[PDB]
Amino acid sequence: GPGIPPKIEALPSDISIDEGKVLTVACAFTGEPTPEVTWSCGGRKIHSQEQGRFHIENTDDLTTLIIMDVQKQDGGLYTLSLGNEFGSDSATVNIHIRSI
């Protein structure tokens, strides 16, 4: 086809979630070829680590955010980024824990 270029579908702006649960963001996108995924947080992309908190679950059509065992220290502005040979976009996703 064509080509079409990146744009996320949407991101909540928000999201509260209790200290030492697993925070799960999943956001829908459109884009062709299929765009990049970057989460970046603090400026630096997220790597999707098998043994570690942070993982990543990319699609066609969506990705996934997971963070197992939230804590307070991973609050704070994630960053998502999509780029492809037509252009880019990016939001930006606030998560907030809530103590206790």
Contents of the next structure:
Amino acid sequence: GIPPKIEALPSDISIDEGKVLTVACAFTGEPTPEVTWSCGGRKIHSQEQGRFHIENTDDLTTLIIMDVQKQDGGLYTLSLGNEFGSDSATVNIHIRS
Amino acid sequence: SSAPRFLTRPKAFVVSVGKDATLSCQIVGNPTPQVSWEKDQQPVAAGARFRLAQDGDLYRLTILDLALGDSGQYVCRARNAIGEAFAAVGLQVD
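Show the same protein again, this time as the form deposited with its partner chain bound rather than the form deposited without its partner chain.
In what comes next, the whole complex appears, and the chain from above leads the way.
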């Protein structure tokens, strides 16, 4: 029994519009926690807008935003959960125009 | 031609009751990305206690003679013409 734990997530990251942004985050937990990326209470699904992609391995999750738009700026929350507990962290993503 | 990517999770290595730490990760991109480390939203610059090195796609930050003030979150930033990749790792000095 090991509750999930997010290793580290930056509080803030900046990116120029028209670029690709990737944010990778390590985690632990036994069993492997389920991974949720969300925007204001709503789970983000891989391929949304043909630009957002999420890839999860056993100890690393990656959020990919291709061709970054001004509307993409905002708070993105990573949440982890298993039978032993949950962990959650938020990154504020700022777009430079 | 391709945005940067972390092939493996950034890792912070320290021995119990140790005086030195090493932080490393494997990053790829085309063109080869410029890699830097940040702590407290300020770049980490090379000096007597902070050592930066590269060996192919593997990038390292070694911290010598650890002080309590070295504790915190280190962000690794990889950038090229196509995009940027970010990944953070924590270091707790006791």
